[PDB]
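**Q** The primary structure of each chain is shown beneath.
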Amino acid sequence: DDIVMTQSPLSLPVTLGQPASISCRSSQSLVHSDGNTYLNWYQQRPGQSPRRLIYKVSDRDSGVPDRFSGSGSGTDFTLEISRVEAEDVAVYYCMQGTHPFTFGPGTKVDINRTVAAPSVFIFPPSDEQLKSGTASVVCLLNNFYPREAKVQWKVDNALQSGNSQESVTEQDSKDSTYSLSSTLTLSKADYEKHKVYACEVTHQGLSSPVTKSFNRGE
Amino acid sequence: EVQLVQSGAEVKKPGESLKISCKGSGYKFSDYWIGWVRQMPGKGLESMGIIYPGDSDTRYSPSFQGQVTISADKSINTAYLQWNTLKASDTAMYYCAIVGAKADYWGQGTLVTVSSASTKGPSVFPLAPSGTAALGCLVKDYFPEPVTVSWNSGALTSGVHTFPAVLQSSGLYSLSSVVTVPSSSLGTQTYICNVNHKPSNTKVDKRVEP
Amino acid sequence: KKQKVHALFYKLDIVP
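Protein chains in written order, with this note's numbering: chain A, 39 to 256; chain B, 15 to 224; chain C, 914 to 929.
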């Protein structure tokens, strides 16, 4: 019933000085009864308001450089950048251009580079935190590319879910990599019931998952 | 000259009402549709609804119908977005924009933070190391944002990564800062993370040893 | 009536 808007890819690596393309699809045709097709594109740089680039599939907004173009019909739509420049690193969104103005999910652009595997480290909770009643266990994934990475906590071989939170850095301006922290939070009482704490990391640069672990108290 | 200026950042508690504004200048405010867009911290854009300020014809997206009221006082070229009773999940950035025209203009955004947490400074815990090693500080359970971290009073910058804060289920924030260093420098080199949380006047220097 | 619709379907510009 309701139209659904999708984009591909969800993350797009680009290289300055080369072209780039993002796709948008709608679950049903976006052609209006008046014969026009109302599909817009928007750019949002980090910490800024969105700005429209394209409306009516292919009309460029004032002030938008001609390296940006829109294409497509019915259900298939593309935004192309003929030669990417530094200022083009941003999130891009397609949007149904009539009510209810459904946005696509966004495609995040980042700087392309060779695949780089993370270096993995695990940190037990400090004795000073434990005396307060909580245990935070931290797994660090350092300097990897691309962004996609999976972290699985294991406590005495039991897979943990719902009791961790992840944070990822912005892409590093130097080596174009990412870092990520995953923090497992347990009560002191629960932490003292188990021995082996492990973090298992899966990434495109690792031929086999990497596990780092410690034994409580050791 | 054409611009949309929004009201300032909001710090509120669950249960309060809230009405934020968007003033449009440099054009005939009554003749162009105004829309509101929500962006939850880290998520994408969502359309909330539009209004024609000339006659206050309002059309809500089905996802927000009944949750908010969009209105306008055209005598002062202002549109509004209003909540009867805020929830913590209304924490987001809210944008106004001109909708449906050949020209595109957006407000600067209004950051709305809704929380029943009280101001609280962080506890700082070591992430201790045991040919490259890693160490760090865990900065836990603080409110509100932000906290700043440096290493060795700013003299150590190579290899430092300070992560974005996360919001814990408790309503308090946490973050970590790490540095990678030659394992041969452990013991001979000193590593101190300097943490500052201005809202609570908290300043901490934590020496991290193996 | 028509101006309202005109303003909604990407036909009307703004000039500072």
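Please note that the accuracy of each hint is not assured.
[As the list claims (entries may be wrong)] Just a sample of chain A residues kept apart from chain B, beta carbon distances all over 10 Å, derived:
1) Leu50
2) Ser71
3) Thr75
4) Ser109
5) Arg121
6) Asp194
7) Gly243
[Stated by the list, open to error] Residues from chain B shown here face chain C by an in silico Cβ test under 10 Å; the list is partial:
8) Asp45
9) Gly114
10) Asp155
[Said to hold, decoys possible] The calculated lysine-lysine pairs, modelled on DSBU-like cross-linking and capped at a C-alpha distance of 30 Å, are:
11) B:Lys26 with B:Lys212
12) C:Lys914 with B:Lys37
13) B:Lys57 with B:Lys33
14) A:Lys226 with B:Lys134
15) B:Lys42 with A:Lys94
16) A:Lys226 with B:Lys220
17) A:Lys169 with C:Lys914
18) B:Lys57 with A:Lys146
19) B:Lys57 with B:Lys101
20) A:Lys94 with B:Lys88
21) A:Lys94 with C:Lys915
22) C:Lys924 with B:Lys116
23) C:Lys917 with B:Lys42
24) A:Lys233 with A:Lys212
25) B:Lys27 with B:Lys220
26) A:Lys192 with B:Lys57
27) C:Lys915 with B:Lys37
28) C:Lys917 with A:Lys94
29) B:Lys26 with B:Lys116
30) A:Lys169 with A:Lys212
31) B:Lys217 with B:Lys26
32) C:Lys915 with B:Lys88
33) C:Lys917 with A:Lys188
34) B:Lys42 with B:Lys26
35) B:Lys88 with C:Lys924
36) B:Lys101 with B:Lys26
37) B:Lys212 with C:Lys917
Think of the hints as simulated: they come from the structure by calculation, not from any bench.
Note that CB positions come from ideal geometry on N, CA and C, so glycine has one too.
**Q** Now look at each hint and say whether the structure bears it out.
**A** Taking the hints in turn, this is what the structure says about them:
For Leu50 (chain A), the non-interface assignment is confirmed: its Cβ lies about 15 Å from the closest Cβ of chain B, beyond the 10 Å cut-off. Taking the minimum C-beta to C-beta distance to chain B, about 16 Å, the non-interface status of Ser71 (chain A) holds against the 10 Å cut. A cut-off of 10 Å between C-beta atoms confirms that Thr75 (chain A) is not in contact with chain B; the least separation is 15 Å. Residue-level check passed: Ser109 (chain A) sits 19 Å from the nearest beta carbon of chain B, beyond 10 Å.
Distance check for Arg121 (chain A) against chain B: the nearest CB is about 23 Å away, which clears 10 Å, and the non-interface claim stands. The non-interface label for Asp194 (chain A) is consistent with chain B: the shortest C-beta to C-beta separation is roughly 21 Å, beyond 10 Å. No beta-carbon of chain B is positioned within 10 Å of the beta-carbon of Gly243 (chain A); the least distance is around 17 Å. The interface hint given for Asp45 (chain B) holds, since its Cβ lies 6 Å from the closest Cβ of chain C, which is under the 10 Å cut-off.
A distance limit of 10 Å between C-beta atoms decides the matter here; for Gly114 (chain B) the minimum to chain C is near 4 Å, and the interface restraint holds. At about 49 Å, the closest approach between the beta carbon of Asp155 (chain B) and any beta carbon in chain C exceeds 10 Å, and the interface hint on this residue is violated. About 19 Å separates the Cα atoms of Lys26 (chain B) and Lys212 (chain B), which keeps this hinted pair within 30 Å; it holds. For the hint linking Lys914 (chain C) to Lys37 (chain B), the alpha-carbon distance of about 24 Å falls within 30 Å, and the restraint holds.
For the hint linking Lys57 (chain B) to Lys33 (chain B), the alpha-carbon distance of about 23 Å falls within 30 Å, and the restraint holds. With a C-alpha separation of about 22 Å, the suggested pairing of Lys226 (chain A) with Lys134 (chain B) holds against the 30 Å cut-off. For the hint linking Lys42 (chain B) to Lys94 (chain A), the alpha-carbon distance of about 24 Å falls within 30 Å, and the restraint holds. The suggested pairing of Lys226 (chain A) with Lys220 (chain B) holds, with an alpha-carbon distance near 23 Å, which does not exceed 30 Å.
At roughly 70 Å between alpha-carbon atoms, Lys169 (chain A) and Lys914 (chain C) are farther apart than 30 Å, so this suggested pair is violated. Annotation: proposed proximity of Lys57 (chain B) to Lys146 (chain A) holds, straight-line Cα distance about 11 Å (limit 30 Å). Between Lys57 (chain B) and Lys101 (chain B), the direct Cα distance comes to roughly 18 Å. Compliance with the 30 Å bound is thereby established for this hinted pair. The suggested pairing of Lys94 (chain A) with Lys88 (chain B) holds, with an alpha-carbon distance near 29 Å, which does not exceed 30 Å.
Distance hint between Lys94 (chain A) and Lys915 (chain C) is fulfilled; the C-alpha atoms sit about 20 Å from each other, no more than 30 Å. Distance hint between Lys924 (chain C) and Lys116 (chain B) is fulfilled; the C-alpha atoms sit about 6 Å from each other, no more than 30 Å. Restraint check for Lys917 (chain C) and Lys42 (chain B): the C-alpha separation of about 13 Å stays at or below 30 Å, so the hint holds. Proposed proximity of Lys233 (chain A) and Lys212 (chain A) is contradicted: the alpha carbons are some 39 Å apart, above 30 Å.
Using a Cα cut-off of 30 Å, the hinted pair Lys27 (chain B) and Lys220 (chain B) is violated, with the two alpha carbons roughly 33 Å apart. Taking the CA atoms of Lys192 (chain A) and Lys57 (chain B), the gap is about 29 Å. The hint holds against a cut of 30 Å. Among the hinted pairs, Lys915 (chain C) with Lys37 (chain B) is consistent with the structure: their alpha-carbon atoms are about 25 Å apart, no more than 30 Å. A threshold of 30 Å between alpha carbons decides the hint, and for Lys917 (chain C) with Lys94 (chain A) the separation of about 18 Å falls inside it, so the pair holds.
Of the supplied pair hints, the one linking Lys26 (chain B) and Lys116 (chain B) is violated, its CA atoms being roughly 36 Å apart against a limit of 30 Å. Simply put, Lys169 (chain A) and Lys212 (chain A) have alpha-carbon atoms about 40 Å apart, too far for the 30 Å limit, and the pair is violated. Distance restraint check for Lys217 (chain B) and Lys26 (chain B): the Cα-Cα separation of roughly 26 Å lies within the 30 Å cut-off, and the hinted pair is therefore satisfied. For the suggested pair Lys915 (chain C) and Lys88 (chain B), the alpha carbons sit about 20 Å apart, so the restraint of at most 30 Å is met.
Only pairs whose Cα atoms come within 30 Å are accepted, and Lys917 (chain C) paired with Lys188 (chain A) is rejected, the gap being roughly 50 Å. At most 30 Å may separate the alpha-carbon atoms for a hinted pair to count; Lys42 (chain B) and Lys26 (chain B) exceed this at roughly 33 Å. Between the alpha carbons of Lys88 (chain B) and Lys924 (chain C) the distance comes to roughly 22 Å, so the proposed pair stays at or under 30 Å and holds. Straight-line distance between C-alpha atoms of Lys101 (chain B) and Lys26 (chain B) comes to about 10 Å, which keeps the hinted pair within the 30 Å bound.
Distance hint between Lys212 (chain B) and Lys917 (chain C) is unfulfilled; the C-alpha atoms sit about 50 Å from each other, more than 30 Å.
Of the numbered hints given earlier, the model fails hints 10, 17, 24, 25, 29, 30, 33, 34, 37; all others are met.
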